[PDB]
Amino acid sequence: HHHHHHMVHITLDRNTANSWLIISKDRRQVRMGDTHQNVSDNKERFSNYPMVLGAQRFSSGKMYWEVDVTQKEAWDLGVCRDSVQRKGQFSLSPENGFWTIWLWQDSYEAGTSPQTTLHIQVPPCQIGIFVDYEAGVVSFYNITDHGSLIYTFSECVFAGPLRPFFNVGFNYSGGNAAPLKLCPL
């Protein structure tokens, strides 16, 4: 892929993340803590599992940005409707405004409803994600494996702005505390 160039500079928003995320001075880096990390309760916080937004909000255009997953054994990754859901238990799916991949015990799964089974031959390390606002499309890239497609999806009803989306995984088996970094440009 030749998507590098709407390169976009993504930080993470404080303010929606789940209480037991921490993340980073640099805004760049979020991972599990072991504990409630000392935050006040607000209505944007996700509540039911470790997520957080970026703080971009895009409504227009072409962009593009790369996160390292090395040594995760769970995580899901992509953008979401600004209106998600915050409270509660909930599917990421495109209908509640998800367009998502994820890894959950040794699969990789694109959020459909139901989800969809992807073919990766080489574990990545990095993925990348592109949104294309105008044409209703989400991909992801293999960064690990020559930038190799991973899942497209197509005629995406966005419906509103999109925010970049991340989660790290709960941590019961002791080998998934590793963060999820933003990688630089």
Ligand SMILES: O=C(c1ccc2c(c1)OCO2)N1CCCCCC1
The other form holds:
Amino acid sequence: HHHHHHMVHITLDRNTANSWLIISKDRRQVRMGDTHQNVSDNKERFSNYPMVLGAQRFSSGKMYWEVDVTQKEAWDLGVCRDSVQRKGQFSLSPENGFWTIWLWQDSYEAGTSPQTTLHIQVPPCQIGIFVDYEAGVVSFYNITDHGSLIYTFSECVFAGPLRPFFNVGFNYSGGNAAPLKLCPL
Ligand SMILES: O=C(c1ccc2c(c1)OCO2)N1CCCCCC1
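Structure of the form deposited with this ligand bound, given the form deposited without this ligand:
Complete assembly follows, chain above in first position.
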């Protein structure tokens, strides 16, 4: 692709984080801790899942950023509405305000309803995310495989400001402790 010139500097918003996440001092990395990270509860925090939002809000233009997923067994990435549900159980779908892909149990899926199988020959270590607000497009790229297309959501109905969206996943296995990292420009 040729989206790199719309690069934006994303930082994580600690106030949205599940109370078990550890966000680095530079707000560019997040991982699972061993326990409750000693923060107060608030209505922004994702309660059921190890999710966090970027601080930036987007309502126009073209935006691009990259995320490192090296050695993780499970994660979700993409964008979501600023007004998504934070508490209780929910599915990642456009109907619920999410435009995401994920890894789970050695398969990659797009968060459509129902979910769509992705065809990835080279397991990605870094994912590029492109948003075109006006066109209603969210696209995912495999940076490990020369930027090859993973998935495009088109005809998106954003219906509000968008925030970068992250899920570090469960670590029931002991094999998914590695962080998500926002890669330098
Ligand atoms: O992966 C998780 C986990 C993370 C966030 C959660 C959660 C579970 O439920 C609500 O938000 N853990 C922690 C507890 C069990 C042992 C390790 C796995």
